[PDB]
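Here's a solo chain for you in structure tokens, the form solved without the ligand.
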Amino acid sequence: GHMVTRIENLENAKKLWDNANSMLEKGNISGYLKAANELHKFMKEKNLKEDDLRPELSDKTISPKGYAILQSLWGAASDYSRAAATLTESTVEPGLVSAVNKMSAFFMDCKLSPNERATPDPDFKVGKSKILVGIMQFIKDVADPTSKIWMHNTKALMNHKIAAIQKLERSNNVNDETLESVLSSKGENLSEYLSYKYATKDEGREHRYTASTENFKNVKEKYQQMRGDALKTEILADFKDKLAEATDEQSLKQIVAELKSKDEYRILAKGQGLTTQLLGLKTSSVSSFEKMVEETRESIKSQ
């Protein structure tokens, strides 16, 4: 087991920084943040500081275009941080977005002394929505699997917001008001969040065959005392969370195959009324699950 020189670690930090700058230059926001994050992780592990790396970057430059993107990123992040501070919740999401700012600042501080001014190209424009999606993608990548914003898993909420912003992009309805609604949302409306009209934590609808965990040997213990629409709501929520761990197309297909093999999925797929079972259509909850797979696919088919 084994040692590395300071020279050698600085040379690798220089490469990590270059990779970040290169992503910055191409306008790949999530790629830049991720690359910044790797630089920080590597430097922390080798006990290297920004001022150790700075002299070594003397032959490298953040372009004017680069500083313009970083200024837009800074602005979008500050604004998002404020917008995410809400009556429902104001600690986690703002903390996460302001930390994205601190990560970018770290990339800048490797190159610039404490008071040096950024020199952004004033003509270079970058769409607010591409920035926000990038921020959200980075937060989704880096937040702990157990992180929660209000009552919802953080990775899942990010994918939800990224899909909402992408829908605004596709239908040409992106403006400050529609972005604000997304940035300030915590998924308070459960039925929209899960894409399931009958989402509830209460008794929901009357059913001749109210969904039940009895007759499913393998169902997790947490569901055993839930029934009906509420049972399905809880299964869908946990499925949404598991789907949010997907990182690429192969990963998503694998997770989907796992979830569809579970007794919880058969509960979703089992109709709760006799007329409905005789029709031979997908249940509403299975439909919701399929929409979540599509949402997750869109939040991940991008970079």
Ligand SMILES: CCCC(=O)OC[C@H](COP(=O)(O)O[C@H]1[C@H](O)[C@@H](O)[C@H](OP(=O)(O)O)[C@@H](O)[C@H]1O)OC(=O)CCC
Contents of the next structure:
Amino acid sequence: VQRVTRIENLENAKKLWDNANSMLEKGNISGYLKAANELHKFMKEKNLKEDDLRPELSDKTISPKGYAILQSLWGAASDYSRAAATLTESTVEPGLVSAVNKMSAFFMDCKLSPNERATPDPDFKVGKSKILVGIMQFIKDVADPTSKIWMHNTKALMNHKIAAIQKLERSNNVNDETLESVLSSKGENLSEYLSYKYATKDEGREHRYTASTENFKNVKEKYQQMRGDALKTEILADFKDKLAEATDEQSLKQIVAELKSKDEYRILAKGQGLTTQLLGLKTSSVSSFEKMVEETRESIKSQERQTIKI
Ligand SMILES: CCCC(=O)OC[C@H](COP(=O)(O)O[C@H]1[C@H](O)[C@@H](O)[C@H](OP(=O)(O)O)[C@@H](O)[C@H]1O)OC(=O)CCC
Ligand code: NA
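So that was the form solved without the ligand. Now I'd like the form deposited with the ligand bound, please.
Zooming out: every chain and molecule, the one shown earlier first.
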């Protein structure tokens, strides 16, 4: 490796480090992690270590605010990677969160020598629930859109947990216990996950008009042999995953219109009992869908308030 190549690689690494620090300074957790991930990868690709870059950062500073955020992130990620390692699933979610600790540590060690101590602003109070949401946003950003944590789409499960944390915030009910329950969850309680009391994979309730695909010409093949509450469950699970693709209000509107145009939606809206059909009642599953739509809308609004701040 020529000197000119090393110089060019270190100058690009410095720029990557600076991008991460810039995000950190703005309190943009997901942006910081995206930047930190790229710094780390690039350095590894160029066989450059923390000791190689550190001399180049002598004109740079991690602020006291920055160190406070790094400390909170470390603790939050450590806790989350432990909480997310469960009998249901212990590979994907902990692996993702553990990578956050590794890349963030690397960013810091590029600046700080092994024996020098971080200097956090002792009065800068970092919100653990904000940090956790930031980690989840990062996971959403890095995940393949078809990847799963246990039986659930990773991006949908992240939206689920982000929304759950946001609800705790709005209810001022954020503490270790309530956060632990969200972090350790894999959506095992399917009725909670889908906001549908009757969520099931088995025969579910007996009905006069058990749901089926038989009166519907354009339903996807995967549903054709499903019936009843199990059929509605599967449709709701797939609709949930589709909703989690929304990025802003306009994309949500579009996705919702597309879903409602489907025979799958008509199945949800068709009553399985005489009273629902006779009196023209909204079904439980339509209400579940609307609840997920509204939660997605509010979560979008909430995170877009946050983009303005970061
Ligand atoms: C108008 C206010 C009262 C009311 O909501 O009644 C609905 C209730 C339940 O309606 P239904 O029997 O139609 O059962 C509902 C139907 O199976 C819906 O399709 C279900 O939603 P889905 O799971 O989305 O299919 C509802 O869960 C059922 O309750 O009716 C009775 O209990 C009368 C019993 C003689
Ligand atoms: Na039946």
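Numbering follows the first chain given and starts at 1. Whichever C-alpha set is largest while still superposing within 1.5 Å between the two forms counts as the rigid core.
Assuming a two-part rigid movement between these two forms, tell me whether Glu234 and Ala257 share a part. Same rigid part: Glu234 and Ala257 move together between these two forms.
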